[PDB]
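In structure tokens, one chain follows: the form deposited without the ligand.
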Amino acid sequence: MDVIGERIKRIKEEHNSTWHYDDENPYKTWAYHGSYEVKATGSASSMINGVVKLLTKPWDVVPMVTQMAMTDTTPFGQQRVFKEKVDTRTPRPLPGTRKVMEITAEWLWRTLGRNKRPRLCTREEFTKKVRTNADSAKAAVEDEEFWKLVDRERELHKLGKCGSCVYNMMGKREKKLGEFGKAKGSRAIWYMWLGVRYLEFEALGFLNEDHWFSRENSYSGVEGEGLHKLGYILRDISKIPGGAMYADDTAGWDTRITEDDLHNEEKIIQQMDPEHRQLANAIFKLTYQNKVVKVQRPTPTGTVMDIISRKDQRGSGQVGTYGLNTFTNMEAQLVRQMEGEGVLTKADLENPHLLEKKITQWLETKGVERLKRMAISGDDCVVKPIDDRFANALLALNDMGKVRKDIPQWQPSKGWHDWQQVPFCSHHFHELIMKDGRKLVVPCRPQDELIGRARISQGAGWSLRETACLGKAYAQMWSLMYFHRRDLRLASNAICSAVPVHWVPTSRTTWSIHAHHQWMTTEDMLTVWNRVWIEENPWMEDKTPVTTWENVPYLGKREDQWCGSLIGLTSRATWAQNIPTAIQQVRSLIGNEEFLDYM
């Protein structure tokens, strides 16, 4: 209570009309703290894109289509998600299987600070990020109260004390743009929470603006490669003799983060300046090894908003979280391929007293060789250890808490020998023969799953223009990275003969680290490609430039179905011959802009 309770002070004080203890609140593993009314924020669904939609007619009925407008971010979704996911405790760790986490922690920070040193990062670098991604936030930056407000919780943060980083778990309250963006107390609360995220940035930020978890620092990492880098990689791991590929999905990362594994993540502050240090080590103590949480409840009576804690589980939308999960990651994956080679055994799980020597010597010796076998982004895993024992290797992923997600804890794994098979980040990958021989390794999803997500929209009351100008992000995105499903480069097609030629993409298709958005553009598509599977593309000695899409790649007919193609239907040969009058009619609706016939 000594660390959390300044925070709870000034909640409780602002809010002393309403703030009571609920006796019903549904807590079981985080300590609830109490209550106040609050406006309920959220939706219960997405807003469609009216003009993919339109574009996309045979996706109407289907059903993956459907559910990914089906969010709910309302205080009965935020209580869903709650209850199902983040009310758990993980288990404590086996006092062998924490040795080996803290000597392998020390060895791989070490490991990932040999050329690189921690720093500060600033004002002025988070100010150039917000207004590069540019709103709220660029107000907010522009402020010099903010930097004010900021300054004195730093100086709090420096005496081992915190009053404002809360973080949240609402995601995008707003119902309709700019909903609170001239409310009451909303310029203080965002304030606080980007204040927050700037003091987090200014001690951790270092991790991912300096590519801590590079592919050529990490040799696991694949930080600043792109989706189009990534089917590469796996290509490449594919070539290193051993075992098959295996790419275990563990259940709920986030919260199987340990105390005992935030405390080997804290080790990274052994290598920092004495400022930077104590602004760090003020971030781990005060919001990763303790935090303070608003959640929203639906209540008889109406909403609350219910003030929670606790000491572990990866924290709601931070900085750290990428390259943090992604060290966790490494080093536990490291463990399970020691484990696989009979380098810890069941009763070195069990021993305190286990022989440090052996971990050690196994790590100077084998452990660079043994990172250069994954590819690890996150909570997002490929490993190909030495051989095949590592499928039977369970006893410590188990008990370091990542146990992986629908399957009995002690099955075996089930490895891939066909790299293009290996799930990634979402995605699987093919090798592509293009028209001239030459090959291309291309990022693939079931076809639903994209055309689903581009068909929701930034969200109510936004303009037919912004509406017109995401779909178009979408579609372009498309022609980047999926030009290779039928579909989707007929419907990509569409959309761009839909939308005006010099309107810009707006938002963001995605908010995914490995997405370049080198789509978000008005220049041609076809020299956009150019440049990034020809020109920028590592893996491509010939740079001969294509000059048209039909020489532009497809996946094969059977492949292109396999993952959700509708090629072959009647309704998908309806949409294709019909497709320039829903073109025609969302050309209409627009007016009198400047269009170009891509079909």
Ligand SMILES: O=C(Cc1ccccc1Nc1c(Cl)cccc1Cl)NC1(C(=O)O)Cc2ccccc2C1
Second form
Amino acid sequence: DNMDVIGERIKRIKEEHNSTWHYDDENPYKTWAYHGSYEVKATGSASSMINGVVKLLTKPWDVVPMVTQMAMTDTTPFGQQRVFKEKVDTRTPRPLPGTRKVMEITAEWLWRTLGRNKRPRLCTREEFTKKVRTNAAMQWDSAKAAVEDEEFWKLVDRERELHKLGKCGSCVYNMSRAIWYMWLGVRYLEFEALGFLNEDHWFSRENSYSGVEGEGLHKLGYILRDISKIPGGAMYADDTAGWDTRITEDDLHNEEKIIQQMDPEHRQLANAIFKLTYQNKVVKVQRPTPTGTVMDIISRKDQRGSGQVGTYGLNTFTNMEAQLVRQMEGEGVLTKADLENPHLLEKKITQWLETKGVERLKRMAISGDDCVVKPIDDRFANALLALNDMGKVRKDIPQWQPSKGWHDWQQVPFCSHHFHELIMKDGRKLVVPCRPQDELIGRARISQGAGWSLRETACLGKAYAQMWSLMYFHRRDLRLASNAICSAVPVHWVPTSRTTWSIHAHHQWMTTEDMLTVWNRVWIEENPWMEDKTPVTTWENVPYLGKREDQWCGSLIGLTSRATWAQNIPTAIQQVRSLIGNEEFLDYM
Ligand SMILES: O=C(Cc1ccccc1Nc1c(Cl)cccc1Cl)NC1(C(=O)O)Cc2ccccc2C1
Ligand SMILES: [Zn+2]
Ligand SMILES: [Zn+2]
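Which structure goes with the form solved in complex with the ligand, now that we have seen the form deposited without the ligand?
So here's everything in the complex, that chain up top.
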């Protein structure tokens, strides 16, 4: 089918592992082309490492089911195969000809709108090097060593010369030093050709209208509140089932239209990324066999490779396009007859885009596969023909059952959170991010690496605690647990690793600066929705959620076990201090 594009990559893998290369007839691949297997040592673990510092200071959550579940993520070849079979080995039916036509018209208009002020450009070796260096001082260490080796860049140049001839020899996606250099080299080449979407803020709210890039978790609630003021129907936030697996060959060709705005030298490189690694891909996946573990080499023409970071911007683009198409259907612009029609009237779609498209983009908050839409009316709730036909089937709901919208922006699911408007004691309002408290505690109790010292583990606990003090201060249990962790860890110990990989995280908690000072900077000084810049001088003036809402959202406040924990927390803090040693601590309780 496509061996002329993927053949050189498979030939190189096969030559490198010819001692154990074989065709396994028991391969479970149904929708992916299977090329072969070779022996590998199994990677991953059946369960996550536990952060003992966070665990010792959150004893009431030792029982809680969601907390116990989050520590059971299986990353072994058995776990990889399970996820692959249940989620990735699917085929999306091809959209109808009228659906493909409206998508193409909308994609061309959207790219033109997105590129009205900005022009695409190539990203560079020093840009990638700087990003890698700033992230290593938060594998990043391995990546920092690779960017400092001139042989890595000479390998990058050889692969770029193949891409310029329309060939690919080593850009393989993963579901010795040489293979790590080839993977990081593939990521560099992708960054060089498509990194501009992220680096130049193409999906910022000012540039894209719907986008939220660069806003930060602390600003998303304010944007949903601003959207709530636009006249129209309810706010809809439908979750797509496995968004990345529903990116069709038609979606990929619509995303590729951005190459039309590039300079010749950039278009050549971006066309190679689109054709060789996005629209044709070679993937490695581990699989357990009766006699050991193999690495399977598979390929397909559609879906995304999640590891690519160019996928965030392209997912945002395709979601903005799909939601505009759904809004057109709700408004009666797109009928069932149009979706089936190759010959639909292009001009009525163009006219709707040119007269109402930007206004309709302003009614949305879109981040990758996450969307919030406030349509002009509720007909949108039942406009499902185009959405299902485009392959974006909603998760856990019958295909034709109407979407449920929200009339309170505070109840809307966006980027794994919901948002509350709080009234401070001085009358000022704050709009804060929130999620089930068991998820926040469960995540903070997971360590990220093996062989970590008590220092590295305590510093990751401190990073989680400071993130809670800045984003989730309004949750009573989290402010208390945060104070306990910060009192148990040396004040000069710098938080390490990362609390989240989310694009919305700005990592203001990765500091040894006083958290109240940082809180003031984020919530008051730099908050554009805070008109009165009066600083808050004490945590007693930093508000909480309403007790009832805190309890509805997972708080243990009012339980006897929680009261016992709060009363005995100086004892647990002292136990952690005793094991850390004679360092400088501070009492935050
Ligand atoms: O860029 C990077 C990771 C990164 C680090 C070092 C070198 C390059 C990259 N990126 C990159 C690559 Cl390899 C290929 C194509 C395009 C890009 Cl831009 N990260 C985010 C940022 O802005 O800090 C963007 C993002 C997107 C999704 C989720 C989180 C974040 C934070
Ligand atoms: Zn390549
Ligand atoms: Zn909440």
